[PDB]
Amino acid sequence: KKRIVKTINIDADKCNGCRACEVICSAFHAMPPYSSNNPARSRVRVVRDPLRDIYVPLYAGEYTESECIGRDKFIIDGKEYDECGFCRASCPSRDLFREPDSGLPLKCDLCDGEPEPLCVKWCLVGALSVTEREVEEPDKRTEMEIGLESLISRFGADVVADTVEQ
């Protein structure tokens, strides 16, 4: 009936760009633990342009197999952010959240099994925290049929049929 979601609250305005989070996450997520570190292996990566006053901790999100048809570039409150500036994706267009050697995706698991997120523990200025709440667990098979009719109207009754055979 009810499941928990966890939100990482990032106060980019407090960030000083020290990149310590990057250090400790790679070091922990290393094998064996702490035997090495490597910011390129961090599941948190800071978007850092000091000249633009931009300091934005980004967390590893989901894996996507293809780039977007269009990439997005924001201008917000005067600041000109980078292309795909706020994307969490492990995406073929960049090296963020992907192994620097192999290229395998990386995901944040909130340090599953530790008493505390290490990125949060090492951010002494306190720009990072995690909070939890109870939501309504997912609940629905008329949705399926409505979507299959949508696909038929767009691509053809015979196209959807001979695609399902795959």
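Residue numbers count along the first chain shown, from 1. Shifts are known only where both forms have a C-alpha. Here, rigid core means the biggest group of C-alpha atoms that superpose within 1.5 Å across both forms. Compared with the form deposited in another entry:
If you fit the rigid core between these two forms, you'll see the Cα of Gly156 move by 2 angstroms or more. With the core held fixed between these two forms, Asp13 has its Cα displaced by under 2 Å. Shifted region between these two forms (3+ consecutive residues, every CA moving 2 Å or more on the core fit): 140-166 alone.
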The other form holds:
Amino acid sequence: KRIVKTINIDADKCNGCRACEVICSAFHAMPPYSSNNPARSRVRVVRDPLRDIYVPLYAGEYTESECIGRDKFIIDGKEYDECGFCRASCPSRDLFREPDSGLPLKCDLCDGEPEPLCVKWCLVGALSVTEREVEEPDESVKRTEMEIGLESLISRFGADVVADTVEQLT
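Same protein, different form: I have the form deposited in one PDB entry, so give me the form deposited in another entry.
Partners and other molecules have been left off, which leaves just the chain.
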């Protein structure tokens, strides 16, 4: 039995304040809390008060390619955005990808900290994180973030360009 974790997002409580973006980006600055930039947040709120839409979207896993088709939903009278539910770090939007580099972003539930900071800063209670055990064997090719970014840049620019550019910096 392994453990899976769940990000309980009640989008009906959300007020579109984007505090989650603030605190996430803050904590992920280098050093921590040095700067601040929602564009690098691992949580991005889909906000459109005119359509009464407020949907916290958490960064997911990485895909090198776009889908041949993108889905645009209409649910309960609401017209949602294209890919408006996708967690993927995708080469089609500026979401979940560094604004200056296009580097894959990815949420690790603040791995190391006592509690997720987005959860901690959402005062109204729109977010939470829970756990449970499963007998299903873990079959993930658990790849490290550095390796993911490395292979992303290698796929984007070249397996030799990265080597030569890194060599010219170290």
